[PDB]
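A single chain, nothing else alongside it, follows as structure tokens in the form deposited in one PDB entry.
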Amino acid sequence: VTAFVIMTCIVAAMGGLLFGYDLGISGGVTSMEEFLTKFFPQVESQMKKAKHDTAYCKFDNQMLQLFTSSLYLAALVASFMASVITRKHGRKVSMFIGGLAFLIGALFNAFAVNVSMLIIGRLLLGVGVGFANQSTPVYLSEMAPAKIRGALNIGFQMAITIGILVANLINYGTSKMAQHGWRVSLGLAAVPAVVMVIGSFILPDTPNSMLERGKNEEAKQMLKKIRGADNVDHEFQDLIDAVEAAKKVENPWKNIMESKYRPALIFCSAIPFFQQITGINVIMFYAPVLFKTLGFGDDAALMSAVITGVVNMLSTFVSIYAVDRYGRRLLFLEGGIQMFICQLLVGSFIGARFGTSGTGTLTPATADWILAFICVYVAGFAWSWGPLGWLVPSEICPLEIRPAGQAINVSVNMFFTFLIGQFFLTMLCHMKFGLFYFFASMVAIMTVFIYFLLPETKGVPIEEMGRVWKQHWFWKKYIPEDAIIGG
């Protein structure tokens, strides 16, 4: 562990600011009537004097769903392109492309004069997220010393939560400008993108990719630099062994179906689906919608998003502290149990407060308790399925399929992020609290899935992770001894 590798990983992790900024900025921008008037006049007409309505609830027709979907579709496709570039040219090159596409997208948005420019900008944001999310977790998990890989990789998730929070605060400010507030909100996304582009110039690439691409002496000297030791022979032998196997595989997409990759393939596919079917991106807007329906105004709705965003960010530190000391499993298990219980409590609390009230409207105190329970659910996600959904796929793949497995992770993640968010929009917007019971049942399923099927990965050198699958009661049948590195 050196100061150079920690600074390297902090700078690289700032690639998560891009996706997080976009996740946090969009809600507040859609509620700005100047934005609606310019680009979505059919929505503006529905929102005029609709004191108890929320503008993104109106994005439920085919054309508006197409606009919303375009970011996730571009990200899903760009993720697959990033797998090829990340392997052939390096993790840094994909991080550069991600920052640059996001930067150009932010400018098209901020200076949009018609919806055509908004569509181009949104597609470019999606390209940026696809490249940034595909490549940055690979970068962190290869660069980090094995002992603290969890903590350093989760810097990426921390950056996501920082972007969400910062973006909500920016919308708080730009909502007060006399004019053009939405241009400032969408244009400030360029700031972390410029940081990411310049970072991609100055960062080194990973020794793992340098060696796979034939830069033998550069890779060894780089490993010595990030580990701060003249003798890296044991860990460099891991890289040599990983590249010897990896050089045999010209097309990872045509080999990822082989038995020896099956545990990795299952988890790279299942973890992103499970991460979204927690309901996180639905539940995170339940209280904002509730406060608006109760008459508390746009500012109270945004304030609950800021509160939720602070909890979301600060709770990430629990995973940073515990992930390498106590393990990924403990975090999955506690986080799933805590999320499950909070979903049961909020669902039954809302259901009960209508059968005991008498007046038909929830009180402010009741709304605050609903936000409180939701915040404990968000805290549980924020130290489990949030950070681990960007850590675990990046640390379980052999080198030759590591960019491809992380591309599966991103692309499945984008697909279900949109699908689940759109599918539940009407239930969210009509305050159908039964959704908490559905997501509770999914969280039960994924927690049992983890309990029986996820071997503990903490502290294992990334190229030696086959050792962990080989000792798992179920996955051991897929892993041949000859493929295992180290031991």
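Think of the rigid core as the biggest set of C-alphas that the two forms share within 1.5 Å after superposition. Residue numbers count along the first chain shown, from 1. Compared with the form deposited in another entry:
- Only one entry in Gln179, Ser259, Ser357, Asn114 has its C-alpha moved by 2 angstroms or more between these two forms when the rigid core is superposed, and that entry is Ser357.
Output the structure of the form deposited in another entry; the preceding block shows the form deposited in one PDB entry.
Shown below: the chain alone.
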């Protein structure tokens, strides 16, 4: 491990900020009266008569769901495009496109003068997210020394949570603007894109992609540079071995369903789905809706998005320290147990305080204990399914289908991000605390799934990952002998 490989992965992980900024900023902007009046005067015309509501709760009308989904549709579709680009031209090439498309969408939003620029900036933001999220995890996983691959991979997620936090702070400040606050909120999304774009000019590409697309001596020089050694023959042989197999495959989507890829295929699909049916993107807004409904500051709701975002970042550090010293399984099991227990605690706490005879017992101290319970649940997510949701699919895919496997990860995730968060929109807004129990069972299901089916992937060089599957009960019947590289 060199100072060069470290700085390279830090600079590449900054692509998480794009997704993170957008996740953090859109809740505040949508509550801004000046922004609603411009683009959705029908929402404003009933926010005017609500006072105790949250505006994004009325994005339940058919045309409003269209506008919301368009970003996830664009990202879902970009991510497949980026599978092809990333393999054909290299990982740093999809990262460039991700930033540049995100930049273009940011200025379109910040300078929108009607609802068609907003759509167009929203389509573009999602293209940015499909490319950034499809290729940055691949880049990190392949560039990092195997010893610390998980730590340097999670920096992508660390960046996502920094994006979430920073956006929430921005919204808090621009919300106290006489005019154009929403333009600042959307417009500052352009700083991370410029950073990502400029960065992509300076990053090297992975020797894995370099060797796979013909640049041989260039691949070994880059391996010797990031590893800092001259005797890279050993792991360069793993690369030679894998490119030998991978260069027999063109159109990885043709062979994706072959038996030797079944483990990676299953997990590239279930891990994104599970990450969302956790309910993280429903539960993260229970407290601000609740706070606003029951009186309490408009500020108070935004203040609790900051507190959660401070907890959501920072918790990330736990996964970063633990993931390579003790593994992925530990974080998956502990994180799920913790998340399971907070969901039962908060579901029943609400169900008690506001349910015996009648309904309606507003309380400050009761509101803070629900936020503490959610924060511990968000912490358990933040060092399990959060980061592990962008680490594990990237590190279980043989070279020829790695980019395609990351695209399955992004597309399934965006599809379910939108689907779960829109389906649960009504219950979240009408304070149906039964959702915490439902999300409890899913966390139970997914924790059991993980326990039995996911082998430990820590410490293994990326191209040797088939030995791990072969040494797992159950999955071992899928992996042919010729798929085990380096031992």
